[PDB]
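In structure tokens, the next block holds one chain alone, the form deposited in one PDB entry.
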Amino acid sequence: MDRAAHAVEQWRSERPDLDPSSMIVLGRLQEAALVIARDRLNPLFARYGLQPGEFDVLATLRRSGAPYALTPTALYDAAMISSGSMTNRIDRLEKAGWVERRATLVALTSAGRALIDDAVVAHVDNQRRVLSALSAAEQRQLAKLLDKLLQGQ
């Protein structure tokens, strides 16, 4: 038994007045997101010198198209993940020489564009290996269920 099933098993024994069924899916959702981020995605970003969430900024700017420049608001709306601390991430990336601030726009530098062009290839290869245990149909069904859950929020 994994953490979530063992936990639900203990609750049914200790608090039988409770219906702890919902704990499994949401506990596995949070643990999977945490373990994959911590042990799979972020070490790869770290090989490229990218902190948690800095990849998203570079990736969002790159896939917007030349000249790879977005307002900070467009940058937030087009981000893959709605995490916070966007001002401090742009600051960090500017000190590293990967973004600059034109006009208000945030723009990939040439070094930033090359970095993300390299990183995204290794990223998607890393992602497929993260999902290799799921079949193509299992991945698509998992993307459907996550969309339905996410729309419901």
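Under this definition, the rigid core comprises the largest set of C-alpha atoms superposing within 1.5 Å between the forms. Positions refer to the first chain, counted from 1. First, how it differs from the form deposited in another entry.
- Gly84 is among the residues whose C-alpha shifts by 2 Å or more between these two forms once the rigid core is aligned.
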Given for the second form:
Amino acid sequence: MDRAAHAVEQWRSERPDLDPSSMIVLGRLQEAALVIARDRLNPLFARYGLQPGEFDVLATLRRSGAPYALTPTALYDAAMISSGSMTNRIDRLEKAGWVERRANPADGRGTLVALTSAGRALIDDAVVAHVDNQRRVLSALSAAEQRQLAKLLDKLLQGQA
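Switch from the form deposited in one PDB entry to the form deposited in another entry and give that structure.
Next up is only this chain, free of partner chains and other molecules.
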């Protein structure tokens, strides 16, 4: 029995008026996200000098195509964090020399965050190591099992939408 299953057995004993079965799937979802980030993905980003959120900004800039420049709002909408938290991520990356701010010509309120050449070289390198890492994380599942997990998670996400 894993953590989620054992916790459900305790609740079945302590509150027989309750059906706590839902705790298994959602507990394992939470635990999987935490463990995979903490033990597998984040140490790799750290070897490149990046926090996970910093890797995410560089990846979002890079995959958006030349000239690898996005507004803070596009970045925080993509990252699903607050505007102020995105300011902090940009500040860290800017000080490290991986991105550069400039005025957005399209909007007087705006800023464009752009990859530097050094930032682009870093993420171009890290993304390959990252995907290799992700594949190893998933290797306990067959190809078909990974596809079905992706489908089940999409159905669950569409449910929230």
